[PDB]
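Below you'll find only one chain, the form deposited in one PDB entry, shown as structure tokens.
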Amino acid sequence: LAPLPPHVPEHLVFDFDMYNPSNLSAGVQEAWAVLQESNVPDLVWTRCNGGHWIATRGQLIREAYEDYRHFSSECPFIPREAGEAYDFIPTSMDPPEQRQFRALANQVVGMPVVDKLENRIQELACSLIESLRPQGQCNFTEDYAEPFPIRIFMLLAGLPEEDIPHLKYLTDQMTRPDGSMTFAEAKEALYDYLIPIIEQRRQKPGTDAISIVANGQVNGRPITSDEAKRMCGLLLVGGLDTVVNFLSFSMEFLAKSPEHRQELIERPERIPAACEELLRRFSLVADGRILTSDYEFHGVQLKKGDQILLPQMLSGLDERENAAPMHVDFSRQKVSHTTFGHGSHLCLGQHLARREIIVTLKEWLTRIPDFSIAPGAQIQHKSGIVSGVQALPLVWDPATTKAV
């Protein structure tokens, strides 16, 4: 527990540990939702992980994400040392500079690119599911979720299929740290892969995402090799753990809820609505910002350089945003959330992510409608900047399935 800074009043101290919340065993969203109990202020200070603020309610989370002038993305991660080393584009950049980098990234992941990839995502989902179907079991996280978004990225980026295991190794090294290397070290190992490919595609560009990014124009001039590297790093990583972990939460819920499965089986037109409601209930990201100056925010004195965690996960779980927030209802009229963030850095991959989710659910429920958690398995969650599922053993009777 880091020493309490003099400017932080005692009554605001709640020692929440974002990497190991108490009662994690009861579900990660539930563990974070303790920050929304009635005796907890809207803005608290935890002495864990170096000490930082946490905004606990959707209203403050949204407001801080809007106010980039006070709440900077220069140091967006807890602990401070990771936030400082992090230089991905556009996620470590503030407006106004961020705007045009964001525009360039949008060219390679935006809605028209997604409408085009639709059928290719479907063919990949089908091949994975058909490979598992007659086995009557899988670890969903390992056997479907982990192979799926990396394969979509390779297609986007014109990278060879044979590079997948190495690239998976490099990205896992960075986002699932075991303590053997600093974030900085992992980032450099990732950059070492990207550097030659960027060099090759600035000399001989194709029409893949890396070529488009590495030869783009930003803020008047050509993008540097350095900036292209920093953007490619994000385009690769941004869609991996988020999608893997989110698909896992969703499938865990569906395995545990026969009635919700049956709803989507009987009413497949509800899957897009179901996707949105699961994005709210099983929201999973929590990054934040650093104070650019002393600032009073909702009656609380914040100090220049303080970090503030602004958990995207919490907005939609807030009972002030959605009534009975832990209840899943696919017919919810106004599904409010900030699962993809808010403000100037709102997820550029959100359209791609939704197709990945919807295609997965549609294809899985068509082929393997009836499945359960393996009996005696207790699903373990993990908490951090991207919270997730450690493993997801599923079982089914292959006689209830259909090759489609």
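Residue numbers count along the first chain shown, from 1. Only residues modelled in both forms are compared. We call the rigid core the largest set of C-alpha positions that still match within 1.5 Å between the two forms. First, how it differs from the form deposited in another entry.
- Candidate set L278, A286, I198, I308; criterion, C-alpha shift of 2 Å or more between these two forms after rigid-core fit; matching residue, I198.
- Residue displacement note: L170 has its CA displaced by under 2 Å between these two forms (rigid core superposed).
- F183 is among the residues whose C-alpha shifts by 2 Å or more between these two forms once the rigid core is aligned.
- Taking 2 Å as the criterion, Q333 does not count as shifted between these two forms: its C-alpha moves by less than this amount when the rigid core is aligned.
- Comparing the conformations between these two forms, with the rigid core held fixed, yields only the displaced run 176 to 207, spanning 3+ consecutive residues whose C-alpha shift is 2 Å or more.
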Contents of the next structure:
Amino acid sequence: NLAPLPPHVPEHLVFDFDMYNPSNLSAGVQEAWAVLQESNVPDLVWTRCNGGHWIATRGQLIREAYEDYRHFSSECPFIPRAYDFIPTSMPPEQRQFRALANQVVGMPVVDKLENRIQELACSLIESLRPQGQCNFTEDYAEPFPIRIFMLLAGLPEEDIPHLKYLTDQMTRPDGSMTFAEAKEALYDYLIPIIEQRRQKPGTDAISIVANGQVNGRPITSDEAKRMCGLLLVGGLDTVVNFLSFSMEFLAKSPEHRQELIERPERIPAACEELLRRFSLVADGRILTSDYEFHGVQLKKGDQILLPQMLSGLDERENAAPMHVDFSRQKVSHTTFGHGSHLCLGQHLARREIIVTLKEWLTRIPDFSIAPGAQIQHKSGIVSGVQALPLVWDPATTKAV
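Can you return the structure of this protein in the form deposited in another entry rather than the form deposited in one PDB entry?
Keep in mind that what follows is only the chain, not its partners or any molecules around it.
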């Protein structure tokens, strides 16, 4: 299961961390990853797991490597070594595609969409409220971002379960479809819509993308489908799992819950602190050349894991980093990434989070983990929560 150690890697830097099955997973996934920040662990280590790769363990190195795109390329952005979404793997071109994507998910769009997002959150919460229980992950978290995508992209509600099935197959295959088959089925769906909206545009994301320009010429169908596909999948598992870590914490910490109930104006700040504490993405890069990085010889072609999750957990970045404190004066994190690939959806995501917390806490202020339940986490490129059974007394809630 361990790949043989390359001869350029000194043995004293070896730490066999498995990003898909870390040793202390039962104790919490962020805690399991923070073992990389224990004092006997160097800033940059090599693991023999998963093909063999570097891991930067501290925020300083994680940020620097994401800044240095000339050495740390997105050509292979995932460990381990058919994925073709745009602009994940791409500078003049990356910048043009990002600008176009920014027209459709940037702050002005999110500000226009906010009340629609609230209305959606409200309808979902109200549907669960009288039951006095739900699996938050399945019953609220999963249906919310996919519905926001349909709003954003001007797609009919009827198309949700099929689209959701394809995106589920790309990350959590049941075996009916290979990744490549799921991706192509997604493209089968998007291509006709892109073409129709090229000729007869609305103001939705697909119309805007389909009418965009790259290199002084019209965006191609291939480019537009790959961009639309990324806009869809980028906002699903990340938001599902993040909302689930946040709601798990709030269920388990009545005093933090009470703080937001009493002081709802703190919710935007609380969102930032939760993004830091329950950070969840760990992407990577591949070396474009031999490069000495902080005293360590990296070889052309080596992969390096640069966990976005770790920057904000680094005690060099935030004191007492496992403590949640909504009043931190400086919330330092790279939860949405860093450098040229910084999350295009960061504004939409924050609004989704804040709206969800505001609406949940006003309708269902008092809730707990279901008696007897033990919450299980999962680890990967996007770490997450397997299920989140919550319980409340319906008499303590308030209807619309």
